[PDB]
Structures are given as structure tokens and as C-alpha cells.
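Before any questions on how it binds or moves, here is one chain, the form solved without the named molecule, in C-alpha cells.
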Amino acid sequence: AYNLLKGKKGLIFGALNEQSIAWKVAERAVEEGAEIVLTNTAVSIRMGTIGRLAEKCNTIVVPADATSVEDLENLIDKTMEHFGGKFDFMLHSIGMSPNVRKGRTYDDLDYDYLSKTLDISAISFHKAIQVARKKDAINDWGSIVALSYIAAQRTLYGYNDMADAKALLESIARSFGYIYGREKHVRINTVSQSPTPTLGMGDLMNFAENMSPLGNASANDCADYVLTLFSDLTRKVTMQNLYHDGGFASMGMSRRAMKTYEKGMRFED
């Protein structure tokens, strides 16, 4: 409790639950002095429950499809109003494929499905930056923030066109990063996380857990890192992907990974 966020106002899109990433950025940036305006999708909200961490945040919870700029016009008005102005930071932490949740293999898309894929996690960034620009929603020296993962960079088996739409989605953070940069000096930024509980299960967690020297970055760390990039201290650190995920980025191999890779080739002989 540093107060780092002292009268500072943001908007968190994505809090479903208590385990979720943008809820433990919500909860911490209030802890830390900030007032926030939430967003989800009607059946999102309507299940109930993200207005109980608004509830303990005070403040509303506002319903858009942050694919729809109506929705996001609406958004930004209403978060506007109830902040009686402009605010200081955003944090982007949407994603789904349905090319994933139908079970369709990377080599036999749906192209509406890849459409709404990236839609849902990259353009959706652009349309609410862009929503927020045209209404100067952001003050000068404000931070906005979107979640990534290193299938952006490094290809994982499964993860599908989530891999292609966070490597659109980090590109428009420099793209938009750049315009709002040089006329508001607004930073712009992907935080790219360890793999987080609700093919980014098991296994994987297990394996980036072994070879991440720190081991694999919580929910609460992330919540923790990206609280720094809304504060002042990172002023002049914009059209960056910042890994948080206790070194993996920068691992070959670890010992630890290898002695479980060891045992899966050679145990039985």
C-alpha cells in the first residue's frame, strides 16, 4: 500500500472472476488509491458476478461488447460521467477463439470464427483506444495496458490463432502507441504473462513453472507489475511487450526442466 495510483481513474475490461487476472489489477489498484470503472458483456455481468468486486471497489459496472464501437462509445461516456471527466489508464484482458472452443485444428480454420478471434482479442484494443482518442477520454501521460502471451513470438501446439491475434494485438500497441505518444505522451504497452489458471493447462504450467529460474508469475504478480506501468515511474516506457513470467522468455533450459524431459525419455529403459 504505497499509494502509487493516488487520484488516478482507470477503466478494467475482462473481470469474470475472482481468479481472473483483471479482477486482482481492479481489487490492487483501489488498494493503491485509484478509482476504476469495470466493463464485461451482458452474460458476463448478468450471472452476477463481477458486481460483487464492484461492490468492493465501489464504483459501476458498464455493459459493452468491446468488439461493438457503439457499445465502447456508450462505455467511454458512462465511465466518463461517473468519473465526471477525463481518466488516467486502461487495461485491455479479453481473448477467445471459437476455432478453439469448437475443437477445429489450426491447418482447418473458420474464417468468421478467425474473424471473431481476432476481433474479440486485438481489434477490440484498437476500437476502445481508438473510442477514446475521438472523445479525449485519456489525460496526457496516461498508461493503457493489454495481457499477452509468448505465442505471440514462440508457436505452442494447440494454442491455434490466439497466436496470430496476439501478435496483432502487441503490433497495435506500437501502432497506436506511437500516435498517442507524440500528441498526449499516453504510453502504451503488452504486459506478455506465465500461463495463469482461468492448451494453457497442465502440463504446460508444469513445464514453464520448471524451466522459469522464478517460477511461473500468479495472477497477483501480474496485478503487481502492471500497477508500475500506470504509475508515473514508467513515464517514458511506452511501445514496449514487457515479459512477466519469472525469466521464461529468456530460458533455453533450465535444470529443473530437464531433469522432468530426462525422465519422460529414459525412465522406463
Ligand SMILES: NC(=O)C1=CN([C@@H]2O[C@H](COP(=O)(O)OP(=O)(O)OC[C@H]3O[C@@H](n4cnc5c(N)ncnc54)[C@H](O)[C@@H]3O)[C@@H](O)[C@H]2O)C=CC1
Given for the second form:
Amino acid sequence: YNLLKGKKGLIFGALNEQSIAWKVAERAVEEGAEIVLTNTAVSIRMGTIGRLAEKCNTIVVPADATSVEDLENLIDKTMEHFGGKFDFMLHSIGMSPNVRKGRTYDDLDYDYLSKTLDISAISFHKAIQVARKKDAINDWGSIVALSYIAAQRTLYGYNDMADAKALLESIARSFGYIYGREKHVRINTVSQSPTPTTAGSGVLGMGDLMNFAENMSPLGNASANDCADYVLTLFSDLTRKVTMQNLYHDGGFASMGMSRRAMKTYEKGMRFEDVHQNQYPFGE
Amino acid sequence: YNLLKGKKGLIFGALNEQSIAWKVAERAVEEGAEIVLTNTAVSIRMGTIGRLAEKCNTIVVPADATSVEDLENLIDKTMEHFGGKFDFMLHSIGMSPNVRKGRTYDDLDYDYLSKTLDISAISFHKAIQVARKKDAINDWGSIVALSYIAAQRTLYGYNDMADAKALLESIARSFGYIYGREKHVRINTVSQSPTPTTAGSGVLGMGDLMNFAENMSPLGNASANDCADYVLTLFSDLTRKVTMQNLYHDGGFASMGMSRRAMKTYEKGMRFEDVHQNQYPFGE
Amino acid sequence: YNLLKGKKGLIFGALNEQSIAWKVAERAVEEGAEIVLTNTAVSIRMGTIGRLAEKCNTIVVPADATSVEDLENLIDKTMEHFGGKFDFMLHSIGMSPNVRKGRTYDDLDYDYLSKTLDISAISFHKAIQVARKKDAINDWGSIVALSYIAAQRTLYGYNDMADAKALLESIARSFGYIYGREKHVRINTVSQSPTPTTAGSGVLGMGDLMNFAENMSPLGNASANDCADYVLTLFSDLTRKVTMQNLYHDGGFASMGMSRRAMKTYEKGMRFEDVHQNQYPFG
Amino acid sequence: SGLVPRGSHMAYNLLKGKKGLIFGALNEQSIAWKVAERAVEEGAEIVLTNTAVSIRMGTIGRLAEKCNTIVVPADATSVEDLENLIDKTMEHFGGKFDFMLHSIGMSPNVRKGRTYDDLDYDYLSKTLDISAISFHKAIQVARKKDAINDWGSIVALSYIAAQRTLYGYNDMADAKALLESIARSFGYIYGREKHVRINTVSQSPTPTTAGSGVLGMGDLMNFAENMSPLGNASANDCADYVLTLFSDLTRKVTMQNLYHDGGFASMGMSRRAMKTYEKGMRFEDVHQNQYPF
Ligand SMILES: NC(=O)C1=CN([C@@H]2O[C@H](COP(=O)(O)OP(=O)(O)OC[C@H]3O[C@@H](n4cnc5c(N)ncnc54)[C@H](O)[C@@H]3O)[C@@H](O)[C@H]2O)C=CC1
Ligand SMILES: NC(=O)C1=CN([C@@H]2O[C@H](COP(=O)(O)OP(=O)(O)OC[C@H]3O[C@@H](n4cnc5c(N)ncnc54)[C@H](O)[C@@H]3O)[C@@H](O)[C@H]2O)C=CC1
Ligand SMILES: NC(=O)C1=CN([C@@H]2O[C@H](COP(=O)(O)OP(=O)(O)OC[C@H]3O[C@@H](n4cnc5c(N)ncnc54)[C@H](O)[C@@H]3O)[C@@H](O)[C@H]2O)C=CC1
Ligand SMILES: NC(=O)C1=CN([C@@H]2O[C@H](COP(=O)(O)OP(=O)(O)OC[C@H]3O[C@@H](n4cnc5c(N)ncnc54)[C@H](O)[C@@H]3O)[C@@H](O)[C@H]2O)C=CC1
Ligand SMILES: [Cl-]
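Let's compare: the form solved without the named molecule is above, so bring in the form solved in complex with the named molecule.
Everything in the complex follows now, all chains and molecules, and the chain you saw is the first one.
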């Protein structure tokens, strides 16, 4: 569509070809954008962002998004790369040392929790505050962070990441009010389906949680590729009046109370009794 | 507790001893309130409200809550009975001819739908408008309607009643703004668990829907007795600053994304892996 | 962008060049869609939709969206025009006889309220039910209705239309579950800024309400043209996994509790004390 | 006009036989002070707690005397202090108790006049710890010691900045969003196990020590007042609402964020909030009572 022709952007969090940020990167460049990539020194070494950088004809700047100093260096190197200001920024970063080290929500380590909140939420505030201090972002620019419905409605096992996502979504509102009134920069969260990614694979019983979400979601779970398509609309000029929103991209999960497929009495091929026609939507 | 000592109220919708309004009536009188009861002529003949009125030492005034003329007579008869104004009013009325006659949501009769919205929602506006025109309600009075989470999140089978509840909840906001600023009268909805009542029994697959909600709700489903206890707090002086709220009374259902019990892989006695202690909350 | 190349759509409610539906129609055809237009016989005679049909190289099918018979005819004529099924549908319809006749929320006529709810909300269920019975909509198709935040939070004067919008948004969820699981058709509401349209000009003190929302919204109110741009995304393949959503398109109004500009004590030129830099965002 | 009528004593014995732990009573203006007084009038036994510094600078000693109980010093960010607090509370009651009020909030960023676009991130860490994580710390310690009876009730105080942005409210808005999530996360666990309910009360802007620290609090309270059809809720009003949540009557209410704000949370635009409105202007949205004030 050439949706982002002439646009420049900074993308965090592309680890491997499964990463939501990897798909956003590829699609942004396919749609005419120029991008800069960033990840931690460890993720650069252990994943395949080098191949993405090659495909997108750009550079990878190492940064820890919890380090104001690293973020300052990143914005300088990004603005140097572009020869000035850029239009869009994707925060696609999440990690809990509690989840990683198998600490349960009722037995948290509070030093771990501090890192969960810093990596998964405060990093967004740190990126925006540094970018804004350096005036890195053009008027009518677009900032997105990826979030999850555990921020609003509890999911068994999701642990301290649920609370981190509630904090992340609040920062989008808090900083969105400031950046919008000044420079018409919109800031939104995209609340994505459970998705098969490195960070996703660390969620307790993720395969079973994904099946639950699939059964609840009338359109089924959104893929990482689907998410990239949606994020492209938020980077495009067509969403210039959308700000401070938490935007569910989940095939309807957020709006569902009880699907037929989620019921324990349901088996595939049972007749749907809530409709007069198409009573076998998943076949006989 | 004598929570409603000196208070006078009008209770709609007591059909039989299963009715949420029946429990609210019993409990209101136990807590020192004087009440007036109303139902349709047909429901008075077909149900047991006569026995409740005997227990509560009061009158039953026949009224169709879709009839402004019946509501005018009801308010006159209520104020005559009390010798003037009263403090609280319970709307506990719901019916869909589409649900009763097995019309599905994709095959509605639109005359039936008009009646669903009239009985289940517009009757609330009619009751408040007629009461307020006759200045029937004391300053710092309390008006409650009973609603259901389908108003926000879709449940398989719930049909046109979901849309009616969304409409009912909006009327509580719209009229609450007016009655609050004028006479400090609070207007709220209580969003109750799925409950075994005459109206509840008409819901598609209600037993299985109740089972789903019970698995999703950490405290379990609320009974009609539990709901009456909660409604008593809204009629009491202790909630005088709570208005235009939709209050979930549901053992946590509204705030749950996915419980362990709701998962198809779960069986009774399986160890919970989201906690360090009490891993068998439902026994081994 | 060619965002809607090869797509076909039915657009309700284009009255005149200020209508949100008029802007959606222009922008849909600019983006490569083919459309069919509809409005009431009265609106076709009193408005300028004929001019839009000419610019969009298409037909105007008369229909009362409260009439199942008229919707059945409309969907037949639309499918005949396209030679089969279509991809998107815009519901852009609202009217309150209570508001029009100066009846206040505390003194409703209940026959007028029944018409408000029919025109403003039930018409959306009627359109979807008829279309679905005729299998009118392609898999991965997109249905949008225009709504307003009065559905969630009370605005002085907005009257029975607030209640109608809550009902409208519920229909999107109820029907969205069914059409989604069957044919992957998404159904969403766009909750738009107060906008200077014919319907908008009927709102009690619309000018003052629009100024309140402008001051509360950090990006400012969304225009009808801005709204048309957003609706384009929902008809595009890029939003295929977005359904049963009420989507605030309002420059941030829905997420604001209190802006500096909303405060009685604020005057244009006062220093913003909540930031370290850009303390004069409005000069 | 919005001042709720009081005078005659309300004695409902709502909390007769119940035992509670109350955080955050600094002085007679504190919401937690009102909750403590009202809980004892309704028949409860309480234990009080605050920081060493707050105990020394404030008047909690007076409250402790009125409520015939002890003040246990504790920094609610310290797991060790909370472990001590829960042991001293259970020793005082001779076992488990029924309710706990978290009424704690402070931002070093707000106190030091650091703005949201120029946060100190060590200060932010402390805002989040004091204002939100402390609630997790208190529930985790209490639950590990099985301190709370079946059908018990835990409440924390929050503010609508958690959902809708208010000019100047700063990093406390984000802290309140985190606090309300902890209520849901821990409510699921404590509910399913022992039917212990956990809720937040989202209160009006209130003239307290912590409240007076909010940038232009006077002007924010006036905006909320004009936007709230019943007017702002007082600390006394909030205490009355919290009593219902500690009472048996709310046993099926959990993981809720409960707005106690005279309707502020459900309002889009009040007539009073509009710049064109002056006292005594006719309301045109109604046919009757067009001069409601
Ligand atoms: N996979 C899922 O189910 C869902 C994921 N999300 C969110 O999407 C975002 C991206 O994650 P995914 O693509 O799923 O997984 P991923 O594992 O591909 O990406 C996570 C990224 O976070 C980066 N990261 C970790 N710590 C960092 C630090 N200190 N500084 C900078 N970067 C750091 C990692 O290097 C990695 O590139 C996360 O916020 C995640 O929570 C949201 C909803 C669902
Ligand atoms: N049972 C459930 O699962 C739930 C019920 N509710 C609501 O609680 C309210 C009370 O219903 P329940 O006690 O469950 O059932 P119920 O069958 O005991 O009460 C329904 C009442 O509505 C009355 N009614 C019907 N048409 C009427 C008319 N035209 N005018 C006046 N009254 C009329 C009936 O006579 C009956 O007394 C209803 O609004 C229902 O939707 C809310 C949440 C869940
Ligand atoms: N103007 C505003 O401030 C806002 C408007 N909206 C909504 O946008 C939609 C379109 O209205 P606007 O473009 O603002 O005004 P408009 O006056 O340009 O369009 C309203 C349309 O509804 C049509 N209509 C009325 N009765 C009808 C019937 N029985 N059948 C079929 N069509 C009928 C009219 O003919 C007209 O074309 C409405 O739902 C409105 O409530 C939503 C948010 C804000
Ligand atoms: N006043 C207002 O406008 C509103 C206040 N709230 C909340 O109500 C709660 C109570 O505050 P208020 O009664 O308004 O003010 P307050 O100043 O009377 O109470 C705040 C309390 O927090 C305590 N505290 C501070 N740091 C602590 C620590 N490390 N450990 C233990 N305690 C500590 C203070 O000693 C004090 O007792 C707070 O969570 C506040 O944010 C909620 C909504 C509105
Ligand atoms: Cl399903």
C-alpha cells in the first residue's frame, strides 16, 4: 500500500523471526518506511536481528531500554542515521525475572519485581522521556507499546507481568496527554492475543492459555503477522486522531464473556443453538 | 443491623420465593424498612407475592411497568400508603418474548424486541420519570436496577436481553446525573451472577452458563440472598456518594480473564502451578 | 494507498457533504472501492446524495433502515449492482424525535423514544440480520457503526441518543460474535468526536459541547474527514483481527479525566506546570 | 449542598466480632483515621500502623487511645517490618483477623517537584514501591502467615487517574493503575482459597496531607466537584463506604475498582464544568427543576 512512504521509525524488541517487532520491522519497510533496529547486546548475539537488519538495509544499535544512558546513545545514533527527527517508535519489550526463575505471584522476589516493572513498563517512560528531551519525533508522530489483556482481567499464571502491563498502559495515557497537546504525537498500546514468541513461551502453561483464548475469540487468536498489520495503521496518517487508547487486537477475546467453544460441555460438531442458520460454523 | 430503620421503599418484580426482589423485600423489612410491593396482575395471580406481602405486612399494587398510567397509579398508591415520599426503589424486571418463544438473535422478531427493550430497560426510565414528576423520592434516596455482564461481554445464547441490559445501564447514568444534582438521589445498577429464578430459567443452556460462571468466579456465583445483602448496602446511608455505577456482584466473574477451573485441561484435584502454597485450593 | 482495491461496500446515511458517511464514500472510492449509497426517500429529496452518487459513479437505493422490507430490497439491489456479495457496510444513522421536538430526557415521549432506539440502534441489527440471511457479505468482511462516548459517560443535554448509542454498541458485540465465528466478518463501532453535521447541529448546545471536547482532547476534535480516514483502516485487510470493539476516535477525549484547558482557572497563555519543557504548548 | 446529612449516631454493629489492621492514619484528616474510628463504632477491634516518622510527626497516638489499641511502627515497603507487623497484630488479636485497609501513597517525584516529563527513576521506583508494591508486600506476608479468616476483606484506596489522565497528577496516576491490578491478581488467589475478597475504592480528591501535595489540588477538587452530580465524597463518606466492604453484606464483591466519587467516573461533561456556565443559569436539559442549585 506504500502506507509509510517517507516515514522513519525506531523499532525495539526484534529477537528472531517469531518476534512481533520483527514482523512490524519487515512490514514497515515493505510499506515504504526507513527504520533503525535496537535490542540488548545479549539478544543481538543470541538471536537473528543481524539478518533482519540486512533485509531492512539498516543498523542495529545495542541498548538496554532500562538504561537512560543507553537510550540517550540510541536516540543520538538513530537521529544521526536518519539525518534528524523520525515519525514512529515501537516498544516491543517484556521480561519478568520472577516468571523466568519460577517465582509464583504469591512468593515474589521484590528485587525481581522491580526488574519486571523496569523492563516491561518503566522502559517505555524512559524511551519517551529521552526521545522528547532530544525532540527526536516529528509532529503527528506515533508511539506504540505492546500490551496484554491480563492488565484488565486476571489470567491464571500470568504473574507479575499482568501488573506490569497495567502500568505500561497507564504510561501511554500519562505521556500521551503531554506529547499530543505539544506536537500532536499519538501514543497507544496494542493489546495482542497470546502469541508464540520467545517471551510468550515463558508464560506458565502458554499452550493451554493460547487454546483458551482461541476458543473464546470468534476470529481466533491474532498472529504476530496480524499484529504487525494493525500496528502499520497506527504508524500511518489514517490514525492521526487516535491517542491514549489501549487497542484490543485479539479476534474479539476482550469483548467475549463466554463462547460456546470455551464451555466444558462443548465438543466439535455439536449444533449451535443460539442461531437459526449456520448452526455448524466449525463443520459437522 | 437495623441498616434501613426509618426508610420506605417500592420493590418491583417479586414473583416467587426464588425472585431476587423477593429476597430484597424480606431483607429490607428485616433491616427495619417499610415497603410497598408491585407486580403485573398476571404475575400476582400466577406467583406467590401475596404471601410475601403478608410476611412484609404491606400491600401489593398491580402495575405493568411499561404503562405510564399504571406507574402513575402505583406512585399515588405507594405515597398514599406511606403518607408521603419514600427513600428507595428496586427495579427487578426482565423479559424477552424472543427468548421465551425461542427466537434466536440472528432471527429476532422486531415487535418482540420492542417489548424486550420496553419491559427490560425503558420501564426503568418510565418508573424514574413518573416518580420524579410526582416528587415521590426523598433527598439522598436510592434507586437500583438489576443487570447482567452480557451488557459488556457477549455470552453464547443470551440473545436480545444482552442489548436490553446495555440500554438499562445507560438509563441509570443518564437519569442519575439529573436526580443526583437536584435531590442527591443515587441511581445504580447491580450486575448480578447468573441465578436460578423464573426469568433466569428461560436463558439458553442456563445450567451450563451458570457452571461456566462458577468456574470463572474465584468466590463462586452469588445467590439471590447474596444479591439482596448487597442491594441493602446501596439503600443504606453508607453508599450516599455512590451513583451512576454498574456494580459487579458476581464473585469476581467480571474481573476474570481465565480461571484454572475454566480450562478444558483442568480436572478436580489437579495441582495449581501459579502459587507456592495452597496448591490444592479445592482439595486433592 | 489503494487500501480498498477490489473491495465493494454499502454506505448508509450520506445526507450532504458534511455527513461522516459522505466523507467515508469519497475516501472509499479514492482508495479503490466500489460502493452503493442508500438514504431515506426524504433525505434523498432534501439533501445532495445525488451529487455524491455522480462523483462515486454509482446508484442511490432508497431505504428506511427501520424497515425490514426496505433493507431486503436494498440488499437485493446492492448485490445485483455488484453481481454478488460485498465486503464492507457502514451504518451512519441517528435521529431522536425527542431531541428534534425539544422533549427533554426527564419528559420523554415514549413513542418518540421507541423511534429514537429503532432509527439509531435497532436499524443496525435489522441491516446485519437481513444481510446475513441473504449471505450478502464476503468472508473477512467489515461492518462499522458510528457511535458517541455518551454511551459510557453522561454529557449534559445529549438526551435519549446517549441510551441509543449504548444499545448500538451492544449490537456490534452480540452480532460480532456470530458473524465472526462463521465467516470471519468483523463488527466494530467508531466512537467519534462531536462533529458539525446536520444530526450534530440538533444536539442541545452543540457549539459549547464541541468546545468542551476540544479543550479535553490533547489532539483536538476529530473532523468528519479524520473519521473517514480511520474507518478506511477498519474496511482494510490490516484490521482483520479487530472485532466487537468500540473504537474511540476523539483526539484522546475518552482517556482524559481533566485537561489544563478544561479548568475554569485556565486562560490561553498560562504556563503549564505539569512539565519541565514546552510549558506553553498553545503559544 | 453535596454535604451528606449527619448528626444522630449510626450504630449498625456491622463489624461486631470483627478484627482489622489499618495502615495510613497520619492525622484526623486521613481517610484511614475515619475508617478506624467508624470501624470501632461499628463494633470492630483494630490494630493501627504507620512509619516511625509519621507516628512521631502526626497524631495517631490520639487515634490509638480513642480506639483502645496499639500502634505498631512499620515501613510498608519493608517485608521485614510487615512480617513483624503481622506477628504483633495476630499476637494482639490472639490469632487471625478479618479485614485490612491499605491507605498509603507518596511520590518523591511530586514531593521534590519533579514533573512527569522529567522523572527521577529512583524516585519513581519509590513512588511505585510505597504507593502500590506495598499492597502486594502486605497481602503476600499476611497470606504466608495465614493471618486472615475465610470471607475476610482487603481494601486499598485508589484514584481515577488510574484510568483517565488528570493534569499534574504525575507518577501517582501510574502507581494507582499498578495498585488496582494487584487487587485483581491477588484477589483471584485469595478468593479461590479462603473466599477473602480484595477491592480498591477509587475515592474523590480529598483534602488530606497526601492530597495537599497534588499540583493545584484546590483547582482539581473544584473541577471534580463541578463534574460530580452528588459533589465530591469526603473522607467520612469514604470511611462509610469502606465499612460496607468490611461487612458481611459485600461477601460476593471482589477484584473490583469501586468508584466513590459522587458520580465523577461516569460523567463525560456536566453543565457546571462548562466555561459558559455561571451559577443560576437555567438548565436546558430538563423540563422540571431547571434551577437545581
Ligand atoms: N507473545 C505474547 O503472547 C504477547 C506478547 N506481548 C508483548 O509483546 C512484546 C514483544 O514480545 P514478543 O514479540 O512476544 O516476544 P520476543 O521475545 O520476541 O520480544 C521481546 C523482546 O524484549 C526484549 N527485551 C528484553 N529485555 C530488554 C531490555 N532490558 N531492553 C531492551 N529490550 C529488552 C528482548 O530482547 C526481545 O527482543 C512484549 O512486551 C510482550 O509482553 C503482548 C501480548 C501478548
Ligand atoms: N436470574 C439471573 O440470572 C439474573 C437476573 N437479573 C435480573 O434481575 C431482575 C429480576 O429477575 P429475577 O429475579 O432473576 O427473575 P424473576 O422471574 O423472579 O423476576 C422477573 C420479574 O419481572 C417481572 N415482570 C415481567 N414483565 C413485567 C412488566 N411488564 N411489568 C412489571 N414487571 C414485570 C416479573 O413479573 C417478575 O416478577 C431481572 O431484571 C433480571 O434480568 C440480573 C442478573 C442475572
Ligand atoms: N455529529 C456528531 O457529533 C456525531 C455523530 N455520530 C453519528 O454518526 C452517524 C451519522 O450522523 P452525522 O454524519 O453526524 O449526521 P448526518 O445528519 O449527516 O447523518 C445522519 C444520517 O442518518 C440518516 N437517517 C435518519 N433516519 C434514518 C432512517 N430511518 N433510515 C436510514 N437513514 C436515516 C439521515 O438521512 C442522515 O443521512 C450517526 O449515527 C450519528 O449519531 C457519532 C458521534 C458524533
Ligand atoms: N486525598 C485524595 O485526594 C485521595 C487519596 N487517595 C489515597 O488514599 C490513601 C490515603 O491517603 P490520604 O488519607 O488521602 O492522605 P494521608 O497523608 O492522610 O495518608 C497517607 C498515608 O501514607 C503513609 N505512608 C507513607 N509512606 C509510607 C510507608 N513507606 N509505609 C507505610 N505508610 C506510609 C503516611 O504515613 C500516611 O499515613 C492513599 O493511597 C491516597 O493516594 C485516593 C484517592 C483520592
Ligand atoms: Cl464459539
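In this text, the rigid core denotes the largest set of C-alpha atoms whose superposition between the two forms falls within 1.5 Å. Numbering follows the first chain given and starts at 1.
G264: CA moves 2 Å or more between these two forms after rigid-core fitting.
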